[PDB]
Amino acid sequence: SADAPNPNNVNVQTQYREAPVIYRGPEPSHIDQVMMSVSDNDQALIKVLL
Amino acid sequence: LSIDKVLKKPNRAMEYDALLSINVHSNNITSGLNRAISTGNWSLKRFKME
Amino acid sequence: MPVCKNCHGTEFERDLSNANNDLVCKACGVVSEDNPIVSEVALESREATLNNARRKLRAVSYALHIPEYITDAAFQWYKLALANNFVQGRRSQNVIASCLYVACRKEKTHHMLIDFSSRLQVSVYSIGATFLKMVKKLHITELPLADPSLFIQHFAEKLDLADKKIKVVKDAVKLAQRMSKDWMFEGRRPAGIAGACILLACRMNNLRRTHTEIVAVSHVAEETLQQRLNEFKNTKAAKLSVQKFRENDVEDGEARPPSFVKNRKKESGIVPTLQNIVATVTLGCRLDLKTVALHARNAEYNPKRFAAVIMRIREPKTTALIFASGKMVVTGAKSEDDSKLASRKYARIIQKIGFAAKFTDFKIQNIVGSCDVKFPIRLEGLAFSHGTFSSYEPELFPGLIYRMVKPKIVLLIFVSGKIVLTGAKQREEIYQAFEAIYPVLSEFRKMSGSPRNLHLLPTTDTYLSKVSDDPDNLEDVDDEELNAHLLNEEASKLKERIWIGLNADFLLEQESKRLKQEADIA
Amino acid sequence: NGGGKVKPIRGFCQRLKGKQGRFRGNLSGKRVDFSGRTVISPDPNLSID
DNA sequence: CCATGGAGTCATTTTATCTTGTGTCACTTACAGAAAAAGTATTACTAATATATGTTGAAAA
Ligand SMILES: [Zn+2]
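Residue numbers (my numbering), protein chains in the order written: chain A, 1 to 50; chain B, 1 to 50; chain C, 1 to 522; chain D, 1 to 49.
Just so you know, the hints here were simulated from the structure itself, not pulled from any lab data.
Cβ atoms here follow ideal geometry from the backbone N, Cα and C, with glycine treated the same way.
Check each hint, because a few of them may be wrong.
The list that follows gives simulated cross-link-like pairs (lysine-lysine, DSS-like), each with its CA atoms no further than 30 Å apart [as the list claims (entries may be wrong)]:
id, chain 1, residue 1, chain 2, residue 2
1, C, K493, C, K513
2, C, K334, A, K47
3, B, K45, D, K30
4, D, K7, B, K45
5, C, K358, C, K334
6, C, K79, B, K5
7, C, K170, C, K79
8, C, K236, C, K374
9, C, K167, C, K106
10, B, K9, C, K334
Listed next, with one range per pair, are the computed distances between beta-carbon atoms [said to hold, decoys possible]:
id, chain 1, residue 1, chain 2, residue 2, range
11, D, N26, A, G25, 27 to 33 Å
12, B, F47, D, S35, 36 to 42 Å
13, C, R208, D, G2, 53 to 59 Å
14, D, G11, B, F47, 26 to 32 Å
15, C, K26, D, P44, 46 to 52 Å
16, B, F47, D, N26, 25 to 31 Å
17, D, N26, C, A27, 36 to 42 Å
If you want a taste of the chain A side facing chain C, the calculated C-beta under 8 Å gives, among others [unchecked claim]:
id, residue
18, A4
19, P7
20, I22
All chains, please: the whole structure from these sequences, using the hints.
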């Protein structure tokens, strides 16, 4: 995804570098709300809270 | 400067208001103003005072 | 990637817990590193015009509030065609437009070419033609597919009132996909059937709106629409099911586009048809078009409009052409007989009237043919399948384009089953690619067949030999009306006196430039 | 260029001149390891030192 | 030979800069107009799709 695409492809976009964000911290925490929503530009967005 | 390139080359009869071209030329007023009020820094190009 | 200095562990887990940030493999217990380093806190021929490219692009792009994203995407496409030098000799607007357009098409987002083209003087054949050409030079194939389900939302935002519209939207969709199911969806503009369903469900919404207000988003005619209204009215369970319960009937009926019904009103095994063949013939001597064209019954010479002289004849129902250099194109030929033979007839005019001009350089260029399979066809699936070899731009033009290099021909495809073919260099290519792709026809069906023989009728060289091939043999094909095909001398004088009557200003300013050739001195 | 005159141009000689950096704010002032930071609160029952 | 006067000679003033400003966190965000290359679009045609536009119009209500 980082590089310059061409319209030449076959199968695998399947390569995914994953950077799941750890919750660091000095103590336990809870998640009481999460939000799947979109801005004007029509791209998925998640803003959550602990 | 926009309507200029309209009246450069007078092929046939060009009027067609060149209005909806305000869209393409717009929103530097709008979005630029957003960027301003979010920045915290104002650039005044009339006085060159910032 | 690396591996432990000892345990030979390849799996590295980085502990961030204690805020050491130290990476170790669960196979050893030795970190391979200490304290990972981290960060802190235009003169070109091409690239200046590239700043122009984004500039004009980014400018004209989001005037439609299209995604900032997709614009960035299309820019690299402009660089792609820029590499092919597709960007050289054509109006930059048509280019920058098409560039953006391929993206949104590839991303299937709600905009329409006819919609998007409007931000200028565009006749939409301009840009559509451009986009079509960059397709000819780009192997990008199947991605730009369309349905109204996209458009209807962006339409509803212009439709005001309330949110019953949204409820109504779901109405239209089931309607829409059913109309896709009822097989009338094909061969017409997505905007038309879109606003069609939008209306029909608004009439289902018991509101008062206008075709005007509809085409306001749609940008088609009214008669356009209501031809599609009645195009629903004639259907099965049209008014019979038109009542409430949101059309619980999902059932198909038949699939019968209006196309072949026109064959009904006008009313493999079917052999394809010769339409016309493009040949050419060289005379060999450049000569005055004016003086020679002065005597003919069939002539037009107007360099103000088109340079050369127009050759046309009712017999054998042909046209051909002439050049100034002593060449000509041969046209209006359904077969090779009337082709080379009449080609020899046109030389009887000159060699009778004008200069030497033998019969030389007879060469085929294009060949045309047509056919019909007498049943409706699903074209989109073929484009969904053979779109690598196929080109379908929905309502950009109803005729579907197919691309085959073996043999090398573009194919002319239709739901009606009427199929036309040209670009062929050979009569046998007709049956080659024709019945070659017919198993694609009978292959694609919903719910005669025998090719007979691959080649039956005589070849091209046979009918070419049926004509006298010797340039010096002339009077043999003279109809004796070619004696008559020349006008008399006074017709040349007085007629020419009139044509020069207008054209002495054309030839005048011509001679005025020729006089400026004297002004070359000073 | 862009012709906006951002400001951000110097900082090689100025790199080792003032404030936080090489002059005497980073090298003479080196940032340190094996440390911690907290707030204060008494324990008289804790001995001096 | 000594005198005035001039010419160098060197103190000396008042200008017009250039540096620096206690240390610490919280997060931190080019210029316009020229000449050339060139390739493309018209500008002819047959030549067959079936939309789309229109207009009109004529007929029908
Ligand atoms: Zn290891």
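Hints, verified against the model:
| no. | hint | result |
| --- | --- | --- |
| 1 | C/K493 / C/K513 | holds (26 Å) |
| 2 | C/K334 / A/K47 | violated (70 Å) |
| 3 | B/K45 / D/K30 | violated (43 Å) |
| 4 | D/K7 / B/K45 | holds (18 Å) |
| 5 | C/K358 / C/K334 | holds (24 Å) |
| 6 | C/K79 / B/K5 | holds (24 Å) |
| 7 | C/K170 / C/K79 | violated (41 Å) |
| 8 | C/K236 / C/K374 | holds (21 Å) |
| 9 | C/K167 / C/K106 | holds (29 Å) |
| 10 | B/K9 / C/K334 | violated (46 Å) |
| 11 | D/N26 / A/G25: 27 to 33 Å | holds (30 Å) |
| 12 | B/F47 / D/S35: 36 to 42 Å | violated (50 Å) |
| 13 | C/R208 / D/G2: 53 to 59 Å | holds (56 Å) |
| 14 | D/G11 / B/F47: 26 to 32 Å | holds (30 Å) |
| 15 | C/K26 / D/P44: 46 to 52 Å | holds (47 Å) |
| 16 | B/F47 / D/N26: 25 to 31 Å | violated (39 Å) |
| 17 | D/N26 / C/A27: 36 to 42 Å | holds (39 Å) |
| 18 | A4 | holds (7 Å) |
| 19 | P7 | holds (5 Å) |
| 20 | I22 | holds (7 Å) |
Checked against the numbered hints given earlier, this structure breaks hints 2, 3, 7, 10, 12, 16; the rest are met.
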